[PDB]
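Novice: In case you want the letters, here they are:
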Amino acid sequence: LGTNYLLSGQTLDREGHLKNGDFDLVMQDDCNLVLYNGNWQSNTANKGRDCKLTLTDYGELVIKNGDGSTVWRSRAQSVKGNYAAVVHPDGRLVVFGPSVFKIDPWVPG
Amino acid sequence: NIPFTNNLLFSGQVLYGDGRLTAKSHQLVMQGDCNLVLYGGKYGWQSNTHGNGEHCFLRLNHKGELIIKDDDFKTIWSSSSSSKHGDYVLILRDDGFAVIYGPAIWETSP
Ligand SMILES: [Mg+2]
Ligand SMILES: [Mg+2]
Ligand SMILES: [Mg+2]
Ligand SMILES: [Mg+2]
Ligand SMILES: [Mg+2]
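Sequence order for the protein chains is A and B. Using the authors' numbering, you'd call the opening residue of the first sequence number 1 and step up by one each time. Using the authors' numbering, you'd call the opening residue of the second sequence number 1 and step up by one each time.
FYI, nobody ran anything at the bench for these hints, they're computed from the structure. Every residue gets a Cβ at the ideal spot worked out from N, C-alpha and C, and that includes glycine. Some hints here could point you the wrong way.
DSBU-like, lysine-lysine: derived pairs with alpha carbons at most 35 angstroms apart [unchecked claim]:
no., chain 1, residue 1, chain 2, residue 2
1, B, 69, A, 102
2, B, 42, B, 74
3, A, 52, B, 84
4, A, 52, B, 74
5, A, 64, A, 102
6, A, 102, B, 84
7, A, 64, B, 24
8, B, 84, A, 80
9, B, 42, A, 102
10, A, 52, B, 42
11, A, 102, A, 80
12, B, 24, A, 19
13, A, 102, A, 19
14, A, 52, A, 80
15, B, 42, B, 63
16, A, 102, A, 52
17, A, 102, B, 74
18, B, 84, B, 24
19, A, 64, B, 63
20, A, 80, B, 69
21, A, 52, B, 24
22, A, 47, B, 74
23, A, 64, B, 84
24, B, 42, A, 80
25, A, 102, B, 24
26, A, 64, A, 19
27, B, 84, A, 19
28, B, 24, B, 42
29, A, 102, B, 63
30, A, 19, A, 80
31, A, 64, A, 52
32, B, 42, A, 47
33, A, 19, B, 42
34, A, 19, B, 63
35, A, 80, B, 63
Which residues of chain A face chain B? A partial, calculated answer using Cβ under 7 angstroms [what the hints assert, rightly or not]:
no., residue
36, 40
37, 96
38, 99
Same shape as in the complex, but just chain A:
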């Protein structure tokens, strides 16, 4: 992952941080996703353990517990694509996408 982004296909593991300025999103170990100083949380505290935050190809942030069980969903969706949840410097977590444009320094032709 990226210190302030999460790409669809990537995971914000147990105790994981995404952070930008004074705002600290944590996939805490009480299975609650909390964005600190963001007045907001998944409110899934104690609802499981060894939890993970993921990003689906239709723009959903799904919190899976230790094994495989979903615990929380954004429940906002779009077309199949690459997406991005990012911690906005004004203090929101905002899902973005799908990709409209891509620059690839990793191609010979």
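Following the hints, position chain B with the ligands against chain A.
Specialist: Using the frame of chain A, we list chain B with the ligands on its own:
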């Protein structure tokens, strides 16, 4: 205005006079030579607009178009990308890709 973040360029934000995005071993730079250069990846990249303008500046709009205009607002290069109206962000990802994403289909509060 909107607080810069190192590797993000949200819609509305503007780079120039080699303002630049950074991510580990990469930069994407809206230079002075009016050229948009990505130093990064294996081979890097550029909008290739060396001196095709004067006083240039890169700017992503609220419909996913990433554009270089000059001092008198002439398009010097575009991404020629467009989708719904709203907030988009360009990321300089750790893999060295520079990708645009949007629009905002979910935020944590308004
Ligand atoms: Mg993300
Ligand atoms: Mg998009
Ligand atoms: Mg940066
Ligand atoms: Mg990028
Ligand atoms: Mg982007």
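Novice: Is it true that the CA of residue 64(A) sits at most 35 angstroms from the CA of residue 63(B)?
Specialist: 33 angstroms, holds
Novice: For the pair supplied as a hint, residue 52(A) and residue 24(B), confirm whether the alpha-carbon distance does not exceed 35 angstroms.
Specialist: OK: residue 52(A) and residue 24(B) at ~25 angstroms, within 35 angstroms.
Novice: Taking only the CA atoms, is the gap from residue 47(A) to residue 74(B) under or equal to 35 angstroms?
Specialist: 55 angstroms, violated
Novice: Between the alpha carbons of residue 19(A) and residue 80(A), is the straight-line distance 35 angstroms or under?
Specialist: Holds. Residue 19(A) to residue 80(A) sits at ~27 angstroms (cutoff 35 angstroms).
Novice: Does the alpha-carbon distance linking residue 19(A) and residue 63(B) stay inside the 35 angstroms limit?
Specialist: It holds: about 26 angstroms lies between the C-alpha atoms, which stays within 35 angstroms.
Novice: Does residue 80(A) sit within 35 angstroms of residue 102(A), going by the straight-line distance between their CA atoms?
Specialist: Judged against 35 angstroms, a Cα distance of about 16 angstroms means the pair holds.
Novice: Within a Cα-Cα threshold of 35 angstroms, do residue 69(B) and residue 102(A) meet the stated pairing?
Specialist: 20 angstroms, holds
Novice: Within 35 angstroms, alpha carbon to alpha carbon, are residue 64(A) and residue 19(A)?
Specialist: Since the Cα atoms of residue 64(A) and residue 19(A) sit roughly 21 angstroms apart, the hinted pair holds (cutoff 35 angstroms).
Novice: Need the status of pair residue 64(A), residue 52(A): alpha-carbon distance at most 35 angstroms?
Specialist: 5 angstroms, holds
Novice: For the pair supplied as a hint, residue 102(A) and residue 19(A), confirm whether the alpha-carbon distance does not exceed 35 angstroms.
Specialist: Holds: residue 102(A) and residue 19(A) sit about 24 angstroms apart, inside 35 angstroms.
Novice: Below or equal to 35 angstroms on CA atoms is what counts here, so check residue 24(B) against residue 42(B).
Specialist: This hinted pair holds, its Cα atoms lying about 14 angstroms apart.
Novice: Should the hint that residue 96(A) touches chain B count as held when the rule is a Cβ pair under 7 angstroms?
Specialist: 4 angstroms, holds
Of the numbered hints stated above, those contradicted by the structure are hints 4, 22, 32, listed in ascending order.
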